[PDB]
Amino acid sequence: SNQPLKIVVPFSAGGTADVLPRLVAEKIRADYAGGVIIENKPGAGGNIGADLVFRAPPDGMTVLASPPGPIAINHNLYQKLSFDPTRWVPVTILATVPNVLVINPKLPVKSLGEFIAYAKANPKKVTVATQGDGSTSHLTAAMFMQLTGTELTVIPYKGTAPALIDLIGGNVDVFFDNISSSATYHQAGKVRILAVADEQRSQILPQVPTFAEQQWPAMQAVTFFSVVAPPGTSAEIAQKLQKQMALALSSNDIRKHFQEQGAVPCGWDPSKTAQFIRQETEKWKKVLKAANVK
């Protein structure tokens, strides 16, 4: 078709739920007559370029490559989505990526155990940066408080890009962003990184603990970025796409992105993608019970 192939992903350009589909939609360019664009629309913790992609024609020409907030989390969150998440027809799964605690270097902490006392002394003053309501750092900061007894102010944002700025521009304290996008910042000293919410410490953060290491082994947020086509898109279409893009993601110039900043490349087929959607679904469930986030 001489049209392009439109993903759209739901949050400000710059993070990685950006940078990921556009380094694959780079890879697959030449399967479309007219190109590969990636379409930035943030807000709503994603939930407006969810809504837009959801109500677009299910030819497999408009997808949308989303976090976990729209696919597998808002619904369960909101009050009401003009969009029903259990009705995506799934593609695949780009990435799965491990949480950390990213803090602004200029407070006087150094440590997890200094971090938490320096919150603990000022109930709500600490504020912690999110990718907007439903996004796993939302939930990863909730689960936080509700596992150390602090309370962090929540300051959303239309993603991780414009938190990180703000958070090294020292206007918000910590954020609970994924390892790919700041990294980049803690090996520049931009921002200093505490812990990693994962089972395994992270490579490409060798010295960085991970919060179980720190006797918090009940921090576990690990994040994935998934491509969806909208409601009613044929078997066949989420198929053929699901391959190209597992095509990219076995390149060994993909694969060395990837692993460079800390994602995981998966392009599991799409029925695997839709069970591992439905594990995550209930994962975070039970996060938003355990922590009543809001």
The other form holds:
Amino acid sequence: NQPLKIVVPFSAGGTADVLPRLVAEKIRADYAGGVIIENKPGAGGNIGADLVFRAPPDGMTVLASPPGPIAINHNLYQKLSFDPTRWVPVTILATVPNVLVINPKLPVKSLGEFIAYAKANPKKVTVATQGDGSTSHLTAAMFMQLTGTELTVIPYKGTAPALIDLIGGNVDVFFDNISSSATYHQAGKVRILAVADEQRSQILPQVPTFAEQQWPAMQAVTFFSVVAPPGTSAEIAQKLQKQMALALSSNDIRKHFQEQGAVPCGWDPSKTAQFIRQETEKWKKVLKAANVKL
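Write the structure block of the form whose entry title says "open conformation" for the protein whose form whose entry title says "closed conformation" appears above.
A single chain, with no partners or molecules, comes next.
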């Protein structure tokens, strides 16, 4: 019969695309018609999100996305064609931590010294972002708010131009995801001072968390969710989450996740909904205190 269709509201290739396709190959065994993955990029995930939001609530069309259209965009975009608060949560596939990365020529050797250095030179230290609302912008804003520091933003079109400047010393700080920066940290081109998560990342087992360094409130991960259209029954959503939780349990899948810097979750629909609710409220505070609404 009918295949399950999973819409990733981003282009193919990245972690946003890799993780749902990995899961798809495992649950293909549960669907007689198969599993279609489609990439529908545009407007921070809002174009692809709208196509699932309007689809029939039978659990045969779902959206697999990082937090944009799930938890952020209704507080970032002045107007949306859909309400993320009406999504039917299915599960959280995984999380990927963000990290504090610095150019090595900054005269600091620790997180604490870097905070003192920024406090003593307000607005003199520059921080790279991917534009207003981007994960790296929001994480820098959370960091600034928690630590009482003021960093001067420099927006970049992509991760690659940001790192080129970070390595060259033309921008001082960057709140990147661990998978992007690890290789440059290992080669000494940049320095990762802390991971904004509850545990360290096995990509860089020696890099400590913010929490180990007296900053447990600094929690900033990119979480990959599966949501169903409004009106999807709790039963249908449970059945799919349990298919995906079983898919996420094998060992090869967990390795392929770790290779993206991602830890599998597979929480039930109730924990998923509570997590999205908490993350939504967290970033709303950050956006408001930073006065960011595009």
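Residue numbers count along the first chain shown, from 1.
Hinge annotation between the two forms, restricted to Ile73, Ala195, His138, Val97, points to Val97 (rigid-part boundary).
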